[PDB]
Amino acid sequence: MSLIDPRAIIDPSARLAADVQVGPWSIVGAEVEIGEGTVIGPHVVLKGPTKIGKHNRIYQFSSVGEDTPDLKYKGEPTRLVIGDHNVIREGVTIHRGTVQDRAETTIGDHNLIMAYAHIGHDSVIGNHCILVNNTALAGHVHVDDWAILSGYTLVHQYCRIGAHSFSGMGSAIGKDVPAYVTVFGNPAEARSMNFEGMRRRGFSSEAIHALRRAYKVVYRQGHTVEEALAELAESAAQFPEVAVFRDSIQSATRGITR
């Protein structure tokens, strides 16, 4: 399934794999590597150094592997790494790393990035995440697996979005969102847990109840987070699902969304 439209500009240092497609008026820039079966639409701008894995799909008007704009981050080389089976919709902007942080922006596998979403310098996205239309990761954002950020979710620099978490549309996130937690509003506020997400992805009823207890332990009982960690220790040893919640509290860099 290989088709390179001759109206595309492929840099001589660019590398295409088996069954790669590139649509008309797209740019595949110097030091861009595209893996097996990846389909690039028309009017795409790819810049490097960038590595894209297998069976990805990048839509028109997207700018993937651009430099972060503030000419105060003005160092090179900086990397973008994209895994496999990712969908990047119309007009998505993805920026490479900065030498004054990770020197890399990282995206894993099976992610859906919907139209006009922004992924800022040095962000890390895991696997099976959904960033709905116009979601903006300001920079240095960590989104763990199965997270869903609803349309127009803004995320401040350095925030961690926990596994299976959920933001409502127009949420503005200024602190870490623990794993499984649902946040709404500007500024973002914890509501409940993504119980629906746990169910759809086959979480045991015991796991789900231990996470309902785990939520109370952290949010409702007036405990210091050290007190909360010690309280969760046992349920965390029983339930890998609770340990994921505990780990997100523990590693929270400047507080949790309350």
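Here, rigid core means the biggest group of C-alpha atoms that superpose within 1.5 Å across both forms. Residue numbers count along the first chain shown, from 1. What changes on going to the form deposited in another entry:
The two forms, fitted on the rigid core, differ between the two forms by 2 Å or more at the CA of residue 253.
Please give the other form, namely the form deposited in another entry, since only the form deposited in one PDB entry has been shown so far.
Next up is only this chain, free of partner chains and other molecules.
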């Protein structure tokens, strides 16, 4: 019936909204901030500088705000930001940024990060993502809204996981995953679009069909990527949903003068 367990350790410099809860044997280190309504389980380690928003649930054996062990990082003061309404399940690791990117690891709102997931330095997670058990973002990975990374999905540094994209269990992602796309295997290859994601968002059935077509343009017609982007111009102007897709491919590929 008492919010901060007396067997937890709270740095004087940490700053908790009053109705925060911290379970027994949890450490809330210096420079950690925790928002209205957040619940910290038993045996959690928070290190900062780290800003956690409201209504987060962080489960046992999680390390949130540790330094990345990557030799690149040499002790510079770098940040972790986690938004509102996230659930961080048991044993998750989330590391702070590195000064060679934007010095921040960033998690939005309403995400579900399942047991043993790992969220490496400088990674950016948007909103409503699901990282299933043991998903690992190596570093500087961007995961846009509604993405679902199935169990034990691995993501190479710098890859972008597009909105509503979906990886199958054990996927090893080496390159960007365009919005809506489903990918499978080691290495990750594209199979289809996430029609289920599209239903659950109540996408019009013209938009669902347009996105099937945009898939075929990119993947099943021998277009080069530059050829696909050009063909997609029309659909992208017709349908905001296709434009999200065109844009995710556009961002992955600048190229070099040939």
